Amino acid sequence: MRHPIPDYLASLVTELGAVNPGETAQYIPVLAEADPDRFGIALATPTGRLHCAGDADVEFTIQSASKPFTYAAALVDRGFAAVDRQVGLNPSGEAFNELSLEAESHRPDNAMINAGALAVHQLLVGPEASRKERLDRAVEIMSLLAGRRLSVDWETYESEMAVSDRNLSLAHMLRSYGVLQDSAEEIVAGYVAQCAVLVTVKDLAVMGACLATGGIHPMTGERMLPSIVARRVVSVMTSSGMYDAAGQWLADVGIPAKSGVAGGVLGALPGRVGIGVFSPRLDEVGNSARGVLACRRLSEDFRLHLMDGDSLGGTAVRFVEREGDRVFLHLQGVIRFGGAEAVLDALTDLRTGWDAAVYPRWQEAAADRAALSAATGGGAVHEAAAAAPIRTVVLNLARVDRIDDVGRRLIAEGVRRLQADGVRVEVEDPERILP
């Protein structure tokens, strides 16, 4: 049997590919003359899959879709305080207003606009890094998240460098307020080469997936970025990535994204998917017309949204069974606050230690313990109450994939209170992830 996702994409490409509105970026001949009859799409999942269709293997310069990655690199190389001193978090469009530097926050609005992107490149490796070290760094971060060594399209680079007065203007203004210590030319050149890095629809998807998983590469399971960094990046993409798109992106689509004038759209939906779309022609706001439309279709057809409550929750509890005096509590999944909270509810429900009159309905619902949990997604937490003198509780973490420090602290505290009740607790933790 073939996977149905790739078929949906193939169908989507055929449907939306029936037309080709807008026009390629006209600012440089290499892009203006680019073949418009191309349309590809790729989805990278945490399950390590890559569902594609169309020209998802055709290279094109990433352009502004590079901004979220050099931003992550800067945060990693310098720390939040250093980066935040130069780049703000204020949602904004590209139009430059000197008041953002002279007043307000006294720094370029955010990393998604050119002024912020320029300050990010200036920040890359370190305070006194050379231009080559910084470009290498920009190329490296993107290559590491893509899973392969990427190259810069020097032809595109040279063409753009001939028509960069606006970017040079921004860089000079930044210098005058101290945001850039190096020359306008040096930083613009780095930013332009950064934008000229060649990637495929598939590359973007995987790179986006790395952000969507909270910093974990979906193909290797290796942590590429601190979750705190990946979260900041996707947060900024949400607020400003599609600032000038029709309607209101977060509300309408709910998929953090960023387009590039060469036709590539990057998407990163936390906990679910990395997205890459390629279609040369741009709409009037400057985003890939079909790339944008494809994202709106993915969001609608698959009911994907930053706001949908798809969490582990009570499923963190695989089951709770009792054998006379001892109870077996097996956990599973990616446990964080939500999962750990559910685990504590189960422990507390063992009885090893609102007003019902006010909410009669809440009591009746709570009566059918299993039904309420099903309509709520409480996993097997309700089994704990069913199990409930208990003298021993075996805590099995074999099925738990991973857990963050918050989850560890909460469960650890849960274990302490169980013992404080006079209950023996043995933790079966084969890959010892609890400590």
Second form
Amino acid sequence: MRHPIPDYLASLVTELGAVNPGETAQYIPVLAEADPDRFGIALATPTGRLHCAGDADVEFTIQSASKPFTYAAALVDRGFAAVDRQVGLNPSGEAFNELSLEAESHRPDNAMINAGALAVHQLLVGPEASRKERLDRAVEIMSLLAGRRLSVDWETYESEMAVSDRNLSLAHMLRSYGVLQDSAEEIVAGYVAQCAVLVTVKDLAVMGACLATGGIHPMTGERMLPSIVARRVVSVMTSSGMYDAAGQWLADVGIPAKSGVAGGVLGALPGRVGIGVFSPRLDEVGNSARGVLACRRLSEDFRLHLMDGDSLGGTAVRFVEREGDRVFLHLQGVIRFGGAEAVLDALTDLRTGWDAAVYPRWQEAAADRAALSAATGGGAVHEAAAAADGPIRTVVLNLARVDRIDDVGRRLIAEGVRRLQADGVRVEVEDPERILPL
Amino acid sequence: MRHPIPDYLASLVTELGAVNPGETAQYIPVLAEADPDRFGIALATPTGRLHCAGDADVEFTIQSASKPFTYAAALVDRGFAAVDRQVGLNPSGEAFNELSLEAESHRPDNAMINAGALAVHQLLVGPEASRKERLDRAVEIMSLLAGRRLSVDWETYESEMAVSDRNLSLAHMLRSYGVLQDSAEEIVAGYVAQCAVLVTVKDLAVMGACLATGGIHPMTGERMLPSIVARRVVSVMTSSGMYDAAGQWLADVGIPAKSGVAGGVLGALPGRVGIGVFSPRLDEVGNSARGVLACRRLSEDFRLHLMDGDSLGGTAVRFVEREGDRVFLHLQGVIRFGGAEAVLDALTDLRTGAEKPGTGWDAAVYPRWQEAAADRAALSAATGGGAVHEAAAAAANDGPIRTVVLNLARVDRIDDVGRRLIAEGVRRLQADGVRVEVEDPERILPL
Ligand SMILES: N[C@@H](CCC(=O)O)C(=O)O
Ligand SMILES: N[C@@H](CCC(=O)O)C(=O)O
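Okay, that was the form solved without ligand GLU. Show me the form deposited with ligand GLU bound next.
Let's see the whole complex now, leading with the same chain.
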């Protein structure tokens, strides 16, 4: 049986590919001459898959879609305090207003706009890194997330460097307020070379997937970025990535994304998918036309959105079974706050230790324990209450099926186990991969 | 034993409660004279719990925290087109600029600002509804999600209606541009009563949990709002709810919220928790001081954020076992795209096809990706793919798969998207000549 996701994408490409509105970026010939007859799309999933269709293996300069990764690098290289001192978090469009530096927060608005991107590149390796070191770094981060060594399309680089007055202008202005210490030419060149890095739809998908999973590379399970850095990045993309697109992106699409003038659109939906789309021609706001439209279709056809509540919740509890005086409680999945909250509910539900008259409806609902759990997604948390003959003397906490867990989850469960013992219950933790400590 | 969360809240109340900066809303004497020494907090979970501490049961007027709910009611009653024609989605602070109305559509920026909230109330029931009908509707939507009949604190209403020149100004300007049809006084009076609805920290939490779950009441499991509407409301809260707070709320805290000048703060984190916080005094920007500081702490202490990836994913697959010619594939949790993708992955992973799968990537090009895909189990746990890998393990030397048992008993619910995908994956399995018997006791697969 062939996977149905790739067939949907191919069909989508064929459908939306029936037309090709707009025009390629004109600012440079190398991009304007670009063959417009191309259309590709790819999906990178946490499940290590890469569903694709169309011209998904064709390279193209990543342009500003590179902004979120160099941003991540900078945060990793210098820490939040150093980056936030030069780069703001204020949502904004590309148009430059000096008041953002002279007054307001006194720094470029955010890393998605050119002014911010310039400041970010300036920050890359360290306070005294060289021009080459910083570029190598920009090329490196995008390469590490992509999973392969990427290259700069110098033809494009030169082409753009000959017509970069605007970026030089922003760079010079930033220097004026201390945001840039090196020369305008040095930073603009780094930023331009950075935009010239070649990637394919698939590359972008994988790259976005790293952010989508919170810094974990979907193809190797290796943590590429601290979850805190990955969140900051996707947050900023959400606030300004599609700032000037039609309607209101977050409310309409809900898929954090960024478009490049070469036609590539990057998407990253936390906990679900990384998106890459390639379509040369741009709409009037400067985003890939079909690229944008493909994203809107993904959001609707698959009903994906940043605001949907697709969480582990009560499913963190695989099951709760009772054998005489001891109860077996098995956990599973990726346990964070929400997962841990459910576990504690299960523990407390084992009677080892609102007003029902005010809310009669709430009581008739909690009466059919399994039904309410089904309608809400409590997984197997309800089974605990079912377990609670004689008194429970032992509780085995099995974490074999738990993929991973954060300190918050570790802290909560640990505290949970402690209070169980404080009830006189013996608790033995079966943790083969020992992920509970620390 | 005692649930640790409520005790965490209590500590937090005691801690943050050591000080009490800012001051009560000075615009009306009723709110300005309210006892400042009050601080409560509550969390309403999808599971159906209500953890709280402090003055979590003291009523207070919900004020602007009523905006996300009246907005939901309008969408339900009028439909997206009708509302979107009068209420924009553009993020903005409360400061009003007539320019926002000179646009081609002619509408205030969003439902979170007064101008928008006024436009919202005007839409509440229908084109011809009466004043009393709309007010009743506002009080209703809020009551339905709180789980009890709420009431308007008329003492507060009167006090504020005597000093509503600013909102009267917005209402008049909106009329000038055709956003409001009835008198400015009628609409402003409705919106002010709306703000006088009495709620407690617990009420806000439950109400917020309703949005957080996509429109499902955590205490009953009943759907109160279409998920498409719940999402629109939380999106809008995210964009403008805390527009003028210090830093950038979405990035720093990541908990879509809204504060009311009476001291109450609403929270709604998709799929995880509904938040209600109450602390009378406001900061310089006009939000509850401790209320806001409490949300920051909840965000940091519990590592809660709109951007974290707490998804079912591969866990949608409970397990995949095999007995000779048949495979038992059990699913679970709340399945939507995420889970369904993982399921299709498991079905496909069973090599029931005559052809060999297309990896999409070149093994010789990504040696690191191969080595990882080798220890299938390790890659799965490091990822969060649950049991999807057991499928490839089942495929892994003697005998073709003839039967696949797809059990959904452990599945809480599935959305049409996943319901469509799984149905298609099952059809393709049968197209391979594999017998598929779906054990679906609660019939959740059809439609
Ligand atoms: N290299 C372009 C950016 C292209 C884009 O917006 O993606 C510039 O800095 O003007
Ligand atoms: N009812 C108040 C709004 C309170 C709030 O901002 O939360 C007003 O219109 O002035």
